[PDB]
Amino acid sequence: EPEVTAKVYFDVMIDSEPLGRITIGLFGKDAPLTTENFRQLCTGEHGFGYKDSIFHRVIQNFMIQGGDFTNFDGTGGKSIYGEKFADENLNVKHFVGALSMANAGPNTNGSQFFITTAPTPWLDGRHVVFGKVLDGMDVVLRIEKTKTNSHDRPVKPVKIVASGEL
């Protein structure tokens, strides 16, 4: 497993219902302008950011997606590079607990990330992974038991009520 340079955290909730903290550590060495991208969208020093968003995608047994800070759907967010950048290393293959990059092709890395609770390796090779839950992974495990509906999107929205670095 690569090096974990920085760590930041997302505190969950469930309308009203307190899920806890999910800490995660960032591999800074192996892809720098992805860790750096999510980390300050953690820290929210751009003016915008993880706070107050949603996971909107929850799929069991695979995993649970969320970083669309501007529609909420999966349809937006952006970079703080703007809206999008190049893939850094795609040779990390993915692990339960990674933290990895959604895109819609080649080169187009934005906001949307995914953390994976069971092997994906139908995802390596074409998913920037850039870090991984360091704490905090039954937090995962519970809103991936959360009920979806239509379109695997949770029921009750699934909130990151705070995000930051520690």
The other form holds:
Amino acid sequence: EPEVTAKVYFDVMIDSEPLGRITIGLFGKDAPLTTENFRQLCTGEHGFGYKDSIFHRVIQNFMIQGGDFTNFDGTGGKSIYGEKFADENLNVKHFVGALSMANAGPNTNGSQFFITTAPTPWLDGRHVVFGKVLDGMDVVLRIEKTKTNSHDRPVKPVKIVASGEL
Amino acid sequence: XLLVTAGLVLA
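Form solved in complex with the partner chain, following the form solved without the partner chain:
Once more the chain from above appears, this time first in line as the rest of the complex follows.
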């Protein structure tokens, strides 16, 4: 597994009820452009960011998705390098607790990411794994069970009330 | 299937 260079966090809440904090580690050396994008969206430096956004797609035994802070349905989001950016590294493989980039085909990374809650090998080579949950994995296994409707969207919104850096 | 896309979301 890659070396962790930086640490970010998400304080999560499901409809007024605080769940806790997800501390994430970032593989800065194996995917510098990608982790930088992530880091700066966590702080909010450029005006926009993951703060107040939600996890619009949660699927038990698979993953939880988020990062659409411009449409909240999974059709939006934007990187700090404009609209989209090429995939830096596709050599790192997925594992439970990994941070990976969600996309729309090759070289279409934006701001949407997912955290895996089970083995997703069939995804290797197509999504840039750029980090791992260092702590707050139980907070992730909590969200995973929340009630969703068709389209796998959370009935009660799962919100990132605060995101930052350590 | 089991994909994590941004926009379409298929099988």
